[PDB]
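One chain comes next, on its own, written as structure tokens: the form deposited without the named molecule.
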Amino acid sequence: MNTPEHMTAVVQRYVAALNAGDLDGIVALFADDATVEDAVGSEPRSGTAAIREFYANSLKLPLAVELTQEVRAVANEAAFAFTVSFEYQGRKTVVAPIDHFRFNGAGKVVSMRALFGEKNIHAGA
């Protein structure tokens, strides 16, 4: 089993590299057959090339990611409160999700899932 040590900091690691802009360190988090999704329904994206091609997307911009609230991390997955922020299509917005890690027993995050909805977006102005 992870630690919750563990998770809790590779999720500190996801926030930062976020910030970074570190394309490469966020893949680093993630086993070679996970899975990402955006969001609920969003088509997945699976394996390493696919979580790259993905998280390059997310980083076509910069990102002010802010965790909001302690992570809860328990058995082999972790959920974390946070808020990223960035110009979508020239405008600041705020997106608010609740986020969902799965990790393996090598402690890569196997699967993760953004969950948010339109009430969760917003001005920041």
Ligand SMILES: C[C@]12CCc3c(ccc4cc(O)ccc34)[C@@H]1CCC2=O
Contents of the next structure:
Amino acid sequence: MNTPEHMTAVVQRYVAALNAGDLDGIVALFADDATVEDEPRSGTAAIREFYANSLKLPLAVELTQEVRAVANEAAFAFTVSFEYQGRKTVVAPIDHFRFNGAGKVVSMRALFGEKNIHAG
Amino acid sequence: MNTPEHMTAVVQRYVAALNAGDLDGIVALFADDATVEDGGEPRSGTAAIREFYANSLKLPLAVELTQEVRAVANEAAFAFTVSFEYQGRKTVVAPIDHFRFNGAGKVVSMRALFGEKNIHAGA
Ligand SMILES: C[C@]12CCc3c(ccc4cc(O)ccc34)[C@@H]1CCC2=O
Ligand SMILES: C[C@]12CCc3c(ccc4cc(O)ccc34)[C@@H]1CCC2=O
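Previous: the form deposited without the named molecule; requested now: the form solved in complex with the named molecule:
Below, the chain from earlier opens the complete complex, with every other chain and molecule after it.
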């Protein structure tokens, strides 16, 4: 079983690589067979493309509370903000990571609905 | 598909029911065949869910949603605190819960996610 310390550090590395625009660094956290979701995309190529599309605009990302890490899972509340064509948007999801035995993320699901997308 | 408004209302109603010690009001949110799981198997069906919540309600709880609900498709996730005190010693737990809903708008599964670092000794 993964340690909560390890899963928590991975969530912080994920947030860090988003803020730095470090696409390599994001993908390196995932397993070769991981899926991502927010069409559920799978495998390294599809994952890289998912994140490359997100990172067409510079993202400001912040964990807004402590991470919840248990068993082989972590859930975390956060914001992701971007500014383009004179408009700032702040999206407030909750993300859930599942991890494999080797400590890599095998699934991420970002949960948010319309009321969690704020155009201020 | 469920509305996000309905799901969000249900999360709020769940919080309120916990604060009011309203056991039947909590159980009424769930489908007949729902599962609960917290942090060696899920509890399944009405009697087991009732027993799960009756045991939680042995101490007075103060539950607060600490951020907006996330609701989408047939699911909702939410951040909150649960605060209780036993023999003068206070605990604040900070979980994230996830509900799945059936087509009738009842909860078919609740998972509560929290670890040791999410259990805070002291008020
Ligand atoms: C997908 C994502 C969460 C949601 C999200 C992101 C980026 C831009 C978005 C734009 C939206 O209109 C709605 C959601 C997002 C994040 C980038 C990393 C991540 O976890
Ligand atoms: C199970 C629960 C979330 C976690 C939790 C509750 C109550 C007492 C707790 C005590 C703990 O040491 C750890 C977690 C809980 C809530 C009751 C309602 C709910 O969803």
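In this text, the rigid core denotes the largest set of C-alpha atoms whose superposition between the two forms falls within 1.5 Å. Positions refer to the first chain, counted from 1.
Relative to the superposed core, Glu87 undergoes a Cα shift of 2 Å or more between these two forms.
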